[PDB]
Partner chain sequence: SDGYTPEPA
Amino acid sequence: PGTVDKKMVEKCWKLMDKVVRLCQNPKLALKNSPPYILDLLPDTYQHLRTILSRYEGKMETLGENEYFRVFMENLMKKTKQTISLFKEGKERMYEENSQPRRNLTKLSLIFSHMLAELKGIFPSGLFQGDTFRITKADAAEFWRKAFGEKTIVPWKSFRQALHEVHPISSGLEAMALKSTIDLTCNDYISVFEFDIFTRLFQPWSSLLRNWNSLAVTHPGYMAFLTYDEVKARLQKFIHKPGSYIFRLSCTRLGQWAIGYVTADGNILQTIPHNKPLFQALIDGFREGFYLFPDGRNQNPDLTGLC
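Going by the form deposited without the partner chain, give the structure for the sequence I pasted, one chain, nothing else.
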């Protein structure tokens, strides 16, 4: 909301760099795998450079870009949250299953999404959030019909607009939906976030229904796991052929992946390149693969989304 100049950006770099030094601790021994924070902050920084070189003379215009302002203040806020995480977590950060480590990886995810959103609104370093092309024409029309050229809307605005098209029963359901769309956790929905969401739970025609069936009330939905997290969780059910899970990828946003346990004692992953995830699940259930969501006997019915 408040305006960005170069001084505040340099402060932002120094804060990120501080987090980087903290995460270079050998005793942390941090993961190779995305979201790998020690690549995300360097990469975020360098894309910020590519923006600064484009708006090299035009710095005053950029400090007023509502998206850029919101992003820089949230980036500030996230990196601060993280430094303070190291300070209160303290030595518990070098034990891997400690909850501080969980939160550290959660914010690693957020940093990752943030980077993809920045590269998405600033492709090649120059703002294109007014000309962002939502992949779904049904959703594209909603976005422009309710907000027009805007790149980022406050959450209560987006709540109201969407509520007229796809109503929401409770603030409970609202807060879960919020959890899903707002990948950057700043109380604003961007055109990028919105695109991604509207790709996961298409059709537009039954957006929130699809979201409730696949995310809210499905024991097989895993949010963001990694490949080896998928199999590491399904390693518990080798004895149970046909136990299955599906996940979101932080490297392939707007996409689904599935993993299940075969009758040969293997754990294999598949992607529904063509088929909305509910159809891929339906087919794979009849096909005898997705029987046991998360190793559980009752598998939800996804007919009635057709």
Given for the second form:
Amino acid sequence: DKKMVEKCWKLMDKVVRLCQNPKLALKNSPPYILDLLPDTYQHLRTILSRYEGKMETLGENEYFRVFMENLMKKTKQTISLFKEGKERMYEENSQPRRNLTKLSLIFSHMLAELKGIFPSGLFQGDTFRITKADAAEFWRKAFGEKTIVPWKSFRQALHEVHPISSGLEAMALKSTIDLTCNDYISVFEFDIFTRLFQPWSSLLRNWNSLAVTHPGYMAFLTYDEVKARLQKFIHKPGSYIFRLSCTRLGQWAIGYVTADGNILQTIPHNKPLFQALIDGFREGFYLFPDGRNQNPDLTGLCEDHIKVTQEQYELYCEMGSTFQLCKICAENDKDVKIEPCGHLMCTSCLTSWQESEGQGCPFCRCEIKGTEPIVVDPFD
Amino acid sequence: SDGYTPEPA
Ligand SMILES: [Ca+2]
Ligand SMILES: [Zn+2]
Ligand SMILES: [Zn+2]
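What's the form deposited with the partner chain bound like, now that we've got the form deposited without the partner chain?
What follows is the whole complex; the chain from before opens it.
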């Protein structure tokens, strides 16, 4: 639907204007929303070119359709973020702004995925090559040529090989792999996650111990936020953190303090994260993840168990791994506000609530006196 | 300062 791409242009344009504001003060540093959106628009025009005449193939293409749906949602969400946050947007350190940053990361991830599926504007998803032969077999085994699969399809397919303990691990995990934040998993996102958490053999264990349980891990963080967050530890060298690399999607980015008192960041090209992090502790560089005195022992990921509590998965999610999700289920979008208390949640948890556990709010117990529908929580 | 450096010694 050109009407689809049209409609989406108008919205993206509105976001560009909002973001061009002088009071906002965006730095050109990746991820840069002011490049991301016109770039996305331009790739989409490319694709539209290739399918002139053969536009029904496109109309049938599930991925493109799903992509457009999510492109609209996210721009609409960014537009209302500006409306609800108002003057907050111009405060560098505000939570509404922080949310702007997160959306910049998502737009970045989305574009990466779009080009990876329609490179040169040509649908090559049904021909996509996963990097790890291990993971690649898993996908074609479970999903054949599919480009995307609903999260739940994916969760149950994955479960038969790598055991997923609970609904919290599953939500902590979805938060990690679902980069486009749309409850689908694409062959592409699959690809990145399996790259980031190699080897496939100990996939979830690596993820658990590297992402979930590791306090050096920063979810949804950018190069500049890293360099920003290691400021209080400029004076405590060996302080380090890490996050997904944004420009080299699928790779890691360790930021760290030096004895010199400056902040560098590096991308291990091949070598696996725990090894990189092991040698790194060893050779005296990465010693204090997020400034804390105790650095985790990761040997054995190279080969005993130990367990992540529900408390811990709840922390990981609570601490920004999720984007605009209900804090109750950590699964559904926050789409509703409770009055008078003002607490936000998804309608799925609220409905289940009012009908089974009674008229009080889930977080604070105050009587639900009314409801406003919402599209974004600038303070998520 | 704004770029990615090689992995430390
Ligand atoms: Ca997704
Ligand atoms: Zn919920
Ligand atoms: Zn409440």
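Rigid core: the largest C-alpha set superposing within 1.5 Å between the two forms. Residue numbers count along the first chain shown, from 1.
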- [ ] Superpose on the rigid core, then report which one of 183, 234, 121, 177 has a CA displacement of at least 2 angstroms between these two forms.
- [x] 234
